[PDB]
Amino acid sequence: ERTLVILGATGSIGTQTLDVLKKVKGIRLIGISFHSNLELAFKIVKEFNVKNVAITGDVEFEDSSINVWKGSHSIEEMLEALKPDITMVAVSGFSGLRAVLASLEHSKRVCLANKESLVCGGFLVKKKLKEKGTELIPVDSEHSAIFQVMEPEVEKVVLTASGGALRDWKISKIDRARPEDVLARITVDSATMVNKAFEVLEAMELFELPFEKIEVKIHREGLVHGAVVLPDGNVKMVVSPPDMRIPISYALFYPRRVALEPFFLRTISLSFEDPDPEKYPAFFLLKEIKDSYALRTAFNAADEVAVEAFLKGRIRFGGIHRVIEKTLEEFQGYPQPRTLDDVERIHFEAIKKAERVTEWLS
Amino acid sequence: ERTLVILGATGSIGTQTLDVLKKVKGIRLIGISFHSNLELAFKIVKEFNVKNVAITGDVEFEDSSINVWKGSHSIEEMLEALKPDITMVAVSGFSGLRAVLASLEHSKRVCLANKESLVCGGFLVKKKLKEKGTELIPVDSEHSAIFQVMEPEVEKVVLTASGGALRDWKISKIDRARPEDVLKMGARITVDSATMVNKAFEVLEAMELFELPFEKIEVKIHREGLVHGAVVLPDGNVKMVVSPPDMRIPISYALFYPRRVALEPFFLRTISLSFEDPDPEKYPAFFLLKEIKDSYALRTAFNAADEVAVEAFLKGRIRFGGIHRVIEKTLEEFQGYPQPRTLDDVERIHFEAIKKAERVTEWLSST
Ligand SMILES: NC(=O)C1=CN([C@@H]2O[C@H](COP(=O)(O)OP(=O)(O)OC[C@H]3O[C@@H](n4cnc5c(N)ncnc54)[C@H](OP(=O)(O)O)[C@@H]3O)[C@@H](O)[C@H]2O)C=CC1
Ligand SMILES: NC(=O)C1=CN([C@@H]2O[C@H](COP(=O)(O)OP(=O)(O)OC[C@H]3O[C@@H](n4cnc5c(N)ncnc54)[C@H](OP(=O)(O)O)[C@@H]3O)[C@@H](O)[C@H]2O)C=CC1
Ligand SMILES: [Mg+2]
Ligand SMILES: [Mg+2]
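Order-wise, the sequence lines are chains A and B. All the letters of the first sequence, read from the start, carry residue numbers 3 to 185, 194 to 372 under the authors' numbering. All the letters of the second sequence, read from the start, carry residue numbers 3 to 186, 192 to 374 under the authors' numbering.
Worth flagging that the hints you see were computed from the coordinates, not collected in a lab. Every residue gets a Cβ at the ideal spot worked out from N, C-alpha and C, and that includes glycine. It cannot be assumed that every hint is accurate.
Derived list of chain B stretches under chain A, where covered just means 3 residues or more per stretch with a C-beta under 8 angstroms from a C-beta of chain A [to be verified]: (1) 164-173; (2) 241-251.
Only pairs whose alpha carbons sit at most 25 angstroms apart, straight line, appear in this in silico DSS-like list of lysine-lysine [stated by the list, open to error]: (3) B:45 <-> B:72; (4) B:158 <-> B:227; (5) B:27 <-> A:158; (6) B:27 <-> B:110; (7) B:322 <-> B:297; (8) B:186 <-> B:172; (9) B:227 <-> B:186; (10) B:24 <-> B:48; (11) B:223 <-> B:300; (12) A:25 <-> B:158; (13) A:27 <-> B:158; (14) A:158 <-> B:25; (15) A:132 <-> A:110; (16) A:289 <-> A:322; (17) A:25 <-> B:223.
Model the full assembly from the supplied sequences, consistent with the hints where possible.
Encoded structure:
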C-alpha cells in the first residue's frame, strides 16, 4: 500500500531495510539509488522487481525494462517522478545533504539514516522541514530511542556509546593502533567517538536541544539506546536488542509497531561512565565546533580524509584526531554558512586542507 | 490557576499531596474531606486556609469560619457545591468507589489514589468516565509509570514488585510469620506488599485504566525498586520508567499533567536491574487473579476478604499464612455469584464478603 524509495540501497542500512520488507507487509518498494555496487544492485532490482533506479556513481545499468536516472540530479529527478510515500535516506557521506533535501521535497515521510546532512547542513534541513511539513523519523538507534520517549521539557537527554574497539586499551597504546586493532568508516568513527560527536549534533537538530542538555555515557552492555531525564525524578529509557532492523522498522511503519521479536525482561547489567577526554580527544571537540556549520562541516570533511588515510595505512590511529584538530584551526573565524553552496564550498576546501595535513603526518 | 479538592486529606497520600502544594505553584486547595483525624484536619484547615470540609465519619467539627458537611452524602454535597478543577481521591477503603464516582461528576480531572474503586467497581467508573468525559490520571507509582509510556500496540505491560518483607524467606518460615516480621507506606499496604495482594489489585487496576486483557500483563519481582513500570513492544523495543521511590513524583505528575514539576532529577549511574517471576508457593493470594479477574463479585469479595484478613493478622488473631487462606475460603463461598450491575450490587457483595470473611477468620483463629 505505501510506496518506498531506498537511497543507498546497496549499503548496510539499505540491505537491512530490504530484509525488513521481506518480514513485514504493507510497503511496496518502487525505486532505489546506489553508487557503484552494480552486482548487489542487480540482485536487488531482480528480487524486488524494482523498475526505477538512480545511479549516483560512474557505472552503467542498461535494462530497457527499468527506468534509469543517472548523474548529479538522478536522486532528485527520480524522486520528483515517483513522489514516494516514504524515502529511506541511507546514502553515506556528504552527498547525504542534497539527498535529504530532495527527499523532503518529494516524499511524505523521510526515514533519515545519513548523519552528514544534519552535522554539516542541519539549518538547511530544518528550513526545508518547516516549509514542506514532511514527516521525518530518525533511523539511528539512539535517535530512534530518544524519539520514542522525548517530551518538551527535559533535564537531560542521554545518548549511550560502546566506547569503540579500543575502549579497554591503555591511553599510551591507542596512538599506535592499526586497522587490525580496530576492525569500515563507522567502525573507525566508533573507536574515536567521532560517530558519537555526530550523534550529539544530530540530536540537537532533531530535538531542538541545547548542547548543555545532552549527556553521553559509555554503556558497555549495549542495551540502553537512549534515555530522557525529566524535571520530576522520572527517567524514561529505551532498551532493545542491538539490531538496526528495529529502528528501521519503526521509522518505516510508524505509528504502527512491527511484530519482530519482543525483548522479554530478564536480569541485566547497566553500566554508565563518562568518556575519557584523553582516550577520545576528537569527541571532545564538540564544544569548539557546535555553533558553527563551517566548523561542523570541516570536522566532518577532515574525519572523512583521516579515516580513509588511516585505513590506507598512511597514518596510525592517533593521527585521526590530529588531522581533525589541525584542519579545524584553519577554519577559525569562518562566517556562518547561509546556503547549500556555502556548505559544499566549505566541505571541499576542508577535504583539501585535511589532505595537506595528512601528508605532513605521513 | 486550578482549584483542588483532596478527598482523604489526613492520610498518607493526602499529606504528601499537601507537601507538593507547598513546593509548587499553580494549584489552590479549596476543600478537603477526612474521616476522624480532627487534630490533623484542623491544622490542614489553618495552614492552607481551607474554607470547606466534608466529614465522612461520625465526628463533630466546631467552626463557623468555614463550611462543614456531614452525614452519608457529605463528599457528594461538597463537590457539587465546589465543582473543583481537580479532585485528588485519596480515601482509603471501599467508600472510595462512591467518592470516585462523585468526583467524576463534579471535577474536570480526577487524580485516582484509591484502589477499591477500580478493583470492585471498575465497570461503574468506566461508564461514568465516558458519560462525563472527565480526565482520570492514576496516582499509584506503577500506573503513573505505565501511563507515561503506554501505547495501543504493547505486547506486555510490565508491573514491578519488591516481593515484600518476606521475599528472601523460605516458604516454610512464611506461613508462621508475625506482624513484626512484615512491619520491620502504612500497615495495610506493607502487608499487601508481603502477600503480593497489592500487586493483584494493581493488575486489575491496570486492566481497567489501560483497557488491557489480563494476558497482556506481567508482574516481575524487581529487587532494586528502580523500575516502576515497563512496556514491551512487538518490535523488540522496551520502554522503562525509572525514578526514586517517592510518592510525591506520581502525585505531582497527576496534579500538574501535562506539566512536569521540577523536583530532584534522577541522574544515571551503573545499576543492576533484576526481574524474576513471583513464586506461586510464596505468593498464593497473588495467583488467585486468574480465578477472579472476570467477576466484579469475586474481585469485591477478594478485596473485602483481604481487608478482614490483614486486620486480623495485625491484631494477632492469625499468622501470616492465614491471610491467603481467609481469602481463598471466602472466595469459595462466592463461586457462581452473578456479575453485579449497579453500585448497590457491589456494596451488597462487599458487606456479605466482610461478614463471611470474618467467620472464616474465626475458624482459622480457633484453628
Ligand atoms: N550502519 C549503521 O549501523 C548506521 C548508519 N548510519 C548512517 O547511515 C549512512 C549510511 O550508512 P551505511 O548504510 O552503513 O553506509 P554504507 O557505506 O554501508 O552504504 C551507504 C550507501 O551509500 C551509497 N553511496 C556511497 N557513496 C555515495 C555517494 N557519493 N553518493 C550517493 N550515494 C553513495 C553506497 O553505494 P555503493 O555501495 O553502490 O558504492 C551505499 O549504497 C551514514 O551516514 C551512517 O552514519 C546511522 C546509524 C547507524
Ligand atoms: N500509600 C501509598 O503509598 C499508596 C496508596 N494507594 C491507595 O490510596 C488509598 C489511600 O492511601 P493512603 O493515603 O496510604 O491511606 P491512609 O490510611 O494513609 O489514609 C486514608 C484516608 O481516607 C480517610 N478514611 C479512612 N476511612 C474512611 C472511610 N471509611 N470513608 C472515607 N474516608 C476514610 C482517612 O481519614 P482519617 O485519617 O480521618 O481516618 C485518611 O485521610 C488506598 O486505596 C491505597 O491503596 C495507592 C498507591 C500508593
Ligand atoms: Mg547510533
Ligand atoms: Mg504501587
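Tested hints:
1. Counting residues of the stretch 164-173 of chain B whose C-beta sits closer than 8 angstroms to any C-beta of chain A gives 0, which falls short of three, so the coverage hint is violated.
2. Coverage of the stretch 241-251 of chain B by chain A holds in this model, with 11 residues showing a Cβ closer than 8 angstroms to a Cβ of that chain against a need of three.
3. As the CA atoms of residue 45 of chain B and residue 72 of chain B are separated by approximately 19 angstroms, the hinted pair is consistent with the 25 angstroms bound.
4. Distance hint between residue 158 of chain B and residue 227 of chain B is fulfilled; the C-alpha atoms sit about 12 angstroms from each other, no more than 25 angstroms.
5. Under the criterion of a C-alpha separation no larger than 25 angstroms, the hint pairing residue 27 of chain B with residue 158 of chain A is consistent with the structure, at around 23 angstroms.
6. With a CA separation close to 19 angstroms, the supplied pair residue 27 of chain B and residue 110 of chain B stays within the 25 angstroms bound.
7. Using a Cα cut-off of 25 angstroms, the hinted pair residue 322 of chain B and residue 297 of chain B is violated, with the two alpha carbons roughly 30 angstroms apart.
8. Between the alpha carbons of residue 186 of chain B and residue 172 of chain B the distance comes to roughly 17 angstroms, so the proposed pair stays at or under 25 angstroms and holds.
9. A C-alpha spacing of about 23 angstroms is found between residue 227 of chain B and residue 186 of chain B, which places the hinted pair at or below 25 angstroms, so the restraint holds.
10. Restraint check for residue 24 of chain B and residue 48 of chain B: the C-alpha separation of about 14 angstroms stays at or below 25 angstroms, so the hint holds.
11. As the CA atoms of residue 223 of chain B and residue 300 of chain B are separated by approximately 13 angstroms, the hinted pair is consistent with the 25 angstroms bound.
12. For the given pair, residue 25 of chain A sits about 22 angstroms from residue 158 of chain B by alpha-carbon distance, which is consistent with the 25 angstroms threshold.
13. Distance hint between residue 27 of chain A and residue 158 of chain B is fulfilled; the C-alpha atoms sit about 23 angstroms from each other, no more than 25 angstroms.
14. Pair hint residue 158 of chain A plus residue 25 of chain B holds up; C-alpha atoms about 22 angstroms apart against a cutoff of 25 angstroms.
15. Distance check on the hinted pair: residue 132 of chain A and residue 110 of chain A sit about 13 angstroms apart at the alpha-carbon level, within 25 angstroms; holds.
16. Pair hint residue 289 of chain A plus residue 322 of chain A holds up; C-alpha atoms about 23 angstroms apart against a cutoff of 25 angstroms.
17. For the suggested pair residue 25 of chain A and residue 223 of chain B, the alpha carbons sit about 24 angstroms apart, so the restraint of at most 25 angstroms is met.
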